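This document opens with one chain alone, in structure tokens, the form solved without the ligand.
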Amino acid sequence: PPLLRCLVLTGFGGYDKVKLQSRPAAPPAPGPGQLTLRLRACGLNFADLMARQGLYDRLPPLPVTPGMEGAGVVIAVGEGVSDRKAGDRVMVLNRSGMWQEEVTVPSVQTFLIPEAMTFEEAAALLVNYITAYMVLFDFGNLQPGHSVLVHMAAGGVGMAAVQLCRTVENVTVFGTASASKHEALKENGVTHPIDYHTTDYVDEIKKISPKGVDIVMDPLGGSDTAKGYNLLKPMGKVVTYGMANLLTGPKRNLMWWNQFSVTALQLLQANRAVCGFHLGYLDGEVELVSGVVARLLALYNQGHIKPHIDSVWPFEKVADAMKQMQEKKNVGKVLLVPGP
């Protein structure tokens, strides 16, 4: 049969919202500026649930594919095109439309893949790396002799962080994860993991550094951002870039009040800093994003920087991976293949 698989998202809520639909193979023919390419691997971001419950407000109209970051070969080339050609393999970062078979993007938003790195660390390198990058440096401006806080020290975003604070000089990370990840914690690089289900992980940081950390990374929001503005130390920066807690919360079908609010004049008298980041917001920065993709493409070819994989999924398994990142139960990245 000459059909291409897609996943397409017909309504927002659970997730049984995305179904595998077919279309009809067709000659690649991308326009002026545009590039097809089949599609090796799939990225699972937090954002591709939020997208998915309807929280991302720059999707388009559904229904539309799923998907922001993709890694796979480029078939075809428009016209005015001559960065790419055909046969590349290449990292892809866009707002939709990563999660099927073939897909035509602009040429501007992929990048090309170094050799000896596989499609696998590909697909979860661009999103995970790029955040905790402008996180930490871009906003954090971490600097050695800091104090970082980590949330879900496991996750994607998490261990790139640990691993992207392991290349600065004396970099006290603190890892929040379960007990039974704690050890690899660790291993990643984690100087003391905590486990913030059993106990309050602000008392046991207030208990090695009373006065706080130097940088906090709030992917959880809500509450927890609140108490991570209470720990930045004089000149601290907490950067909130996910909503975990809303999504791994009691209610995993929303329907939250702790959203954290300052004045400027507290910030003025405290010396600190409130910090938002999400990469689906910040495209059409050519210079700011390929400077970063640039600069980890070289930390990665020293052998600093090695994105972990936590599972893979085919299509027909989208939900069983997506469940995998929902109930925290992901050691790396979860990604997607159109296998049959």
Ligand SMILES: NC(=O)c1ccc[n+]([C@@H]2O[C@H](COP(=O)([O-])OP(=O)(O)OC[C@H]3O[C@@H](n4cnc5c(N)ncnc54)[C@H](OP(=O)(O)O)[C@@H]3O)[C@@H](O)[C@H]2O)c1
Given for the second form:
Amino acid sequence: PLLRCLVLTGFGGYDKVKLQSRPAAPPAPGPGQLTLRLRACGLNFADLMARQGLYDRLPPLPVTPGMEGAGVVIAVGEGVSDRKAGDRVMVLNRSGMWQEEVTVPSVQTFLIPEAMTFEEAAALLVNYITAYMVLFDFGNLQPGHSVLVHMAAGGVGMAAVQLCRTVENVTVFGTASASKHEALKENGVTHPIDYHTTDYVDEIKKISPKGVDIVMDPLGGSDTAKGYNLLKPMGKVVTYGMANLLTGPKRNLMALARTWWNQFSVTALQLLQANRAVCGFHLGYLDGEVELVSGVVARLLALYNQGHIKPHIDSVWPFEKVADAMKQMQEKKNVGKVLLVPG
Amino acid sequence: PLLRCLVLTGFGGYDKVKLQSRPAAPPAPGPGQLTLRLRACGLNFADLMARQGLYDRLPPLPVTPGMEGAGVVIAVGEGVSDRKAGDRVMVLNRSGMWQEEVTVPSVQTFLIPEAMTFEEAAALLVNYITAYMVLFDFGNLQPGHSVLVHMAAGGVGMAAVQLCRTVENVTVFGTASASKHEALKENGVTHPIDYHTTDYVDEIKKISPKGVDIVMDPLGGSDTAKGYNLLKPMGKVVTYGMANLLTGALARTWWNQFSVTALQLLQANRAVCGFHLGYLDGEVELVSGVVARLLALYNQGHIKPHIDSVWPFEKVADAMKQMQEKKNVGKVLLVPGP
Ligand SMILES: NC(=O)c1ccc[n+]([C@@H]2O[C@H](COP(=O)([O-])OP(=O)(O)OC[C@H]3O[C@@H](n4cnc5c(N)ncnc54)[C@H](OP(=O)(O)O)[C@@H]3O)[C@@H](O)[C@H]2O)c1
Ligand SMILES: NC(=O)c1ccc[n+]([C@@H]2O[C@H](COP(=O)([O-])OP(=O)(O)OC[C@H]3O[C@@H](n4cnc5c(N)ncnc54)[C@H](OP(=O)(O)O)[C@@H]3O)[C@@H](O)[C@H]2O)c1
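Could you output the structure for the form deposited with the ligand bound, given that the previous block was the form solved without the ligand?
Below, the chain from earlier opens the complete complex, with every other chain and molecule after it.
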């Protein structure tokens, strides 16, 4: 009865994540802990960044990557009141989620709803927490606002478009490759823009010359400034990624140095004479703020049960094909969440 | 039968604002304009900064200062449908409000509700609009949050404390002189702090070690950084003044400008916001929705402007002293009077 795991031994291309096996030791959870078997795991942009050595919250090598999964608790430690063996939970953690068996703090798990599948549960947490906190806690989304959702056909992107639809009369500018544009219109993008073939600043200002109310900035680098200058009065640009660093399977020092030189900085007089806000969000730095993230997860489960959000699964891959899964995200082929299953 | 006005002749001390009179010509407002007679006018910190030559939005000298008033519409220009002669209105403008008769775009006026006096009306707009848009539009105040309200005994300060009370279970840290501390607690301040005699960062972090959720920064300069480092995760510091430039010794920290990078904000899970109401002219729909929400809160009895003192034009100097020498608690008002 062997257990399967993916391990990142070194930094580089796809081949640096390797499949391994381990003897199924008896489950022994500590105090306030849960050991559970994973049915599905999320592939995140942060996992690609960590594989290239550009995610600083990654523990030392070698390590099993992955920050979210969904499965069934097989053993419960002491002090855990709400969990019993056999409960289905989605887990958010710093690393170690690309493996069949994992042990995590009970307070970092969340009860999966009834009709929610393992795939949907594994797709919910990272993307929808990030989108909810970018648009509402920082963005303060309101009826009548305009939102620029970059990478709108991605995980965070599709989640943010759905959450925008939960707010009355919200105009959504979404950027993604032209092929995905049709999918974008199905998900709620009001104005699809292919930023690979056009200048999205110009397209937006041709539609809305005064700009937009919220700009979601996963691109980072120079793009941050573009977002800042697309803001209407009282607007907010929420920066939460550096996706311009990812160009290929291996880290490339040219994009690293270009973002290192073109960092966005703002001064108090700059913000004051404008009527704009700059916000930063990092879910990795929210661990230990379990009350906050838990309230967000409760809002998200409420929205799911009411049928206002439903994670879109692009593709599911076994561990043996983890490389291809990563390609699906790095070659910009995915529309929605990419998932891994333990073969 | 002449009409009175105050004029700013030069930049400097209190004596640089002089009283003048002019014959009362018949009101002739242009298209989309209103000419109205003012019963009360607001004294704002911006007026002091403009008198000292520190307000960038001030028209060239000489000019009548003042940015808010309340009065009676005496003549209506062409194209104005919602305003009629005799209407009681609050007016917001960039300058020219320290005078008996003034002409302004009709879209910069707001019908005063009854049971609101003219003095409360003249105290409402600048302070409560600024406080509302700092706490809600940028700050996104929610139940359970903690707010640091600097200058909590001033106009914006008291307005912001009242608006904080309109949200359930909001911890308010307020900074003002120790005397006004009692007034602070009467207005809704949970933890009065005298930043003249203690370090408000230390006091806050002794009460709440993780900091606060929203920091209202009228101080500017080095204090902005302090505010930024007082923020809990998802916190917001909304800077909306440079009150440290109106020092009136001088420390080495006084020269510290605030600057922040995208990765710093990202790593700290924080937000820095700037608000300047003067740069919102021409955004009448936004400010008008803010005024409507404020009038709603007033009708429900959740906000009531606190008037510190009312002064005639001839005593304008004393009025400015009341604010510049840190004596005021609430709004300072000017009336034409005798
Ligand atoms: N701060 C946080 O807490 C947090 C949390 C979650 C995610 N994030 C960030 O949110 C962004 C998206 O995350 P995600 O997980 O949902 O993945 P994702 O959106 O699916 O990213 C893949 C898609 O982004 C687009 N893309 C843009 N630039 C790309 C690049 N250099 N390489 C590959 N694809 C690129 C591609 O689609 P198109 O070309 O068609 O547009 C691609 O299909 C990422 O920057 C992530 O780092 C941050
Ligand atoms: N950006 C915008 O659109 C906008 C709009 C309105 C106001 N503002 C800004 O909000 C700030 C407060 O405006 P305000 O009209 O309500 O004035 P205020 O609050 O009445 O300020 C006076 C009070 O501030 C305190 N204070 C702090 N530093 C001071 C100093 N260096 N000199 C004198 N007094 C000082 C004094 O009381 P204590 O010492 O007891 O505290 C004094 O009682 C101002 O900086 C204003 O520029 C901005």
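Basically, rigid core = biggest C-alpha set you can superpose within 1.5 Å across the two forms. Residue numbers count along the first chain shown, from 1.
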query: Residue showing a 2 Å-or-more C-alpha displacement between the two forms once the rigid core is overlaid, selected from 78, 106, 249, 189; finding: 249
query: Residue shift check between the two forms, rigid core fit, residue 59 Cα at least 2 Å; finding: yes
